[PDB]
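J.: Dock chain A against the given chain B, drawing on the hints supplied.
Here's the letter readout for the chains.
There are 2 protein chains.
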Amino acid sequence: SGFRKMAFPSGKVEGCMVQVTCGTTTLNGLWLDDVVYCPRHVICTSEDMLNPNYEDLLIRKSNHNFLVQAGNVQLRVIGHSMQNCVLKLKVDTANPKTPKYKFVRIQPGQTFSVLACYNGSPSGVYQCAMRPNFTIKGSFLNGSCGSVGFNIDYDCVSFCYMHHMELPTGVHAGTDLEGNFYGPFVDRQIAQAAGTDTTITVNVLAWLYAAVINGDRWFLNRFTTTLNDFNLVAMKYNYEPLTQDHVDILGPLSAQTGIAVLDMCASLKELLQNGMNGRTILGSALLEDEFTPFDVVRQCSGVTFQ
Amino acid sequence: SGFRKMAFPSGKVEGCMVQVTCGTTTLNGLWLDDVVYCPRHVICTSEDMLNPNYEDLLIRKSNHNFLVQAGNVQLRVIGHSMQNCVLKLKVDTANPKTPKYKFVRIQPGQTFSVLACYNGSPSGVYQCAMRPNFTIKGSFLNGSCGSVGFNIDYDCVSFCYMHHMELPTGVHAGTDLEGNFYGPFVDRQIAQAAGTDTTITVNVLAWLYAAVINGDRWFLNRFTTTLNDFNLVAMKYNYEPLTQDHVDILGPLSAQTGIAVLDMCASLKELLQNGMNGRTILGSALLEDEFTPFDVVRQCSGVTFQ
Numbered sequence: 001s002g003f004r005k006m007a008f009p010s011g012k013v014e015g016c017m018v019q020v021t022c023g024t025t026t027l028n029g030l031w032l033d034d035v036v037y038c039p040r041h042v043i044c045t046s047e048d049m050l051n052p053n054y055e056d057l058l059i060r061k062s063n064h065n066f067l068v069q070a071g072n073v074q075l076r077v078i079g080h081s082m083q084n085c086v087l088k089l090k091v092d093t094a095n096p097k098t099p100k101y102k103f104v105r106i107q108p109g110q111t112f113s114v115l116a117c118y119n120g121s122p123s124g125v126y127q128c129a130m131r132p133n134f135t136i137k138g139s140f141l142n143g144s145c146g147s148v149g150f151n152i153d154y155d156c157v158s159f160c161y162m163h164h165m166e167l168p169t170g171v172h173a174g175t176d177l178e179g180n181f182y183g184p185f186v187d188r189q190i191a192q193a194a195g196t197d198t199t200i201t202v203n204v205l206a207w208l209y210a211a212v213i214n215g216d217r218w219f220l221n222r223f224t225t226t227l228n229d230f231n232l233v234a235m236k237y238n239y240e241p242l243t244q245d246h247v248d249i250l251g252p253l254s255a256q257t258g259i260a261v262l263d264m265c266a267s268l269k270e271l272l273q274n275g276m277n278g279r280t281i282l283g284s285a286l287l288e289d290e291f292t293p294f295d296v297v298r299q300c301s302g303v304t305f306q
Numbered sequence: 001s002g003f004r005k006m007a008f009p010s011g012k013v014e015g016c017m018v019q020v021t022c023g024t025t026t027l028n029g030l031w032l033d034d035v036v037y038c039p040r041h042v043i044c045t046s047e048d049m050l051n052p053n054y055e056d057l058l059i060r061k062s063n064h065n066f067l068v069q070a071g072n073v074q075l076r077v078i079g080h081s082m083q084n085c086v087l088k089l090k091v092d093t094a095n096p097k098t099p100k101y102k103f104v105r106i107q108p109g110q111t112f113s114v115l116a117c118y119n120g121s122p123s124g125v126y127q128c129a130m131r132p133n134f135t136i137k138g139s140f141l142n143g144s145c146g147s148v149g150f151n152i153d154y155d156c157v158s159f160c161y162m163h164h165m166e167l168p169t170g171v172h173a174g175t176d177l178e179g180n181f182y183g184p185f186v187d188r189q190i191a192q193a194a195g196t197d198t199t200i201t202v203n204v205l206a207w208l209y210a211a212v213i214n215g216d217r218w219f220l221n222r223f224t225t226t227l228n229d230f231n232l233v234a235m236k237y238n239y240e241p242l243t244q245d246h247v248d249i250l251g252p253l254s255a256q257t258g259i260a261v262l263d264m265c266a267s268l269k270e271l272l273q274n275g276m277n278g279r280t281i282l283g284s285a286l287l288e289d290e291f292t293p294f295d296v297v298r299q300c301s302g303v304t305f306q
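Going down the list, the sequences are from chains B and A. Quick note: the first sequence uses the deposited numbering, first residue 1, plus one each step. Quick note: the second sequence uses the deposited numbering, first residue 1, plus one each step.
Same shape as in the complex, but just chain B:
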């Protein structure tokens, strides 16, 4: 039992973390087969970030400029290509440690693991959620650009995130591995407003089921509410509106606990309206929304890999 924020095992991804330097700006890259993926603003300086012409800037770049390091193996970069905001450096040798990998675009509210690296070296792994406004609340210093987010299923590593820049607001934005940004952000260092952020309701219910499985049960009332009536209260407190698809995916936790999804919604109504009254849930005084229904199931059943 017990319930912690769990991150995927990071071994498969460490073997792909390289350092890429182009001039005086050095950030991380992801080395799969004979290609190294990194953010295209590696070819900018601080002063180039205001209004970069990435097409012309890349044209001034030569393969010799791209210092790619693997631990301290130096890789002869033999090509450069621009796919959206991502720079694919063709290299001499294929990475012998290449895992089975997919390139996946995720949805707001889904969670992934982030391997934080600086100068091509991994320093930490942590779980985070793609907020509904497509930002992440992250741990990225200057030089953790190119750090990737991934999920793990069976033998396959599912790459979904690459970090590019910190926003003025202190939040982070990035792309899929085809280089398309999540959200309305771009790779310039300019004023960039994120959306009004909302709370991932379906994650919150799944976290409440997790708390019932782990003993914390004080928030259970003998109420119930309609889905359409629950949303009236959801909007008011800036919660994402619950759908029937969100109810359906909560089914399995509703089965394990014998608490109908709407019953659990009725407790959340009580929670949004009355607060926590000084109590906690799994040792937290706020409602947590960084666990998917899938994550809780994998933690209350022991889902493994390999």
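Calculated from the structure, these hints are not laboratory results. The hints are all genuine.
Quick list of in silico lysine-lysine cross-link-like pairs, DSSO-like style, CA-CA up to 30 Å:
1. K137/B <-> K137/A
2. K97/A <-> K5/B
3. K97/B <-> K102/A
4. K102/B <-> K5/B
5. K100/A <-> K5/B
6. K102/B <-> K97/A
7. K100/B <-> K88/B
8. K88/B <-> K137/B
9. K61/A <-> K97/A
10. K137/A <-> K100/A
11. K102/A <-> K5/B
12. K269/B <-> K5/B
13. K100/B <-> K90/B
14. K100/A <-> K100/B
Partial list, computed: chain B residues near chain A (C-beta under 7 Å):
15. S10
16. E14
17. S121
18. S123
19. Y126
20. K137
21. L141
22. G302
23. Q306
We treat Cβ as the ideally placed atom computed from N, Cα and C, and that holds for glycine.
T.: Relative to chain B, chain A alone:
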């Protein structure tokens, strides 16, 4: 920027995680060189846990009984030894993936990363702290015995925890890798009193420094207090008493922010007495004590390993 609870990259440890079975009781083990470390109550049944004679039970065990699995490799167990609550198995093959590793006993208040495994396969990694009463609040289902906790410095993996059993109370207990328990616990499934738990004060100050480094500054008062006057207030709210060694190790965070440690203590005193008044710190309504000063330094400067 941003400040998340981070775990060490788990690659070095994933490669030593095996499955160990003895009858119908199966848990995880740690394969370093030609020895596999696992908790000795693997040689027990459910009914053996009440009052086990581990010496006589092991004598009744033969190497043919110990089913060790590494991925899909079956390992010849060729010997058995009892070091305290840990059973050291000889095997045919040295682990080709053996990292640089240490066997370290840690102190209360220090933190480590745990690679959670079930049936010998790694499933998750998370950061956690050894409480002052020598328990951990962890994510351990049934079959997560033998899962280890570790720190990483430079190239070296510092093994400090093996999990053994869930207490009645819902918290977990374990040993160092020489098999001596942390805290007064034993590997019997009996009523076991935990200590009165305290909040790791020096961890809380380091997390407060982390908050100023990341912009959250509302809790800074222009007050101050003495170390002995702060400790009077520490006792009342069940905080560990701050020592001068604790002040000294906050020195570097005190330097980066220009807020004297006693000044930060005076902010925390005010925090204990009046609460948070509906505000948060790094997006949390409770005081966090699962970060050492060393952890905050490693995240506010970007310390790596490689």
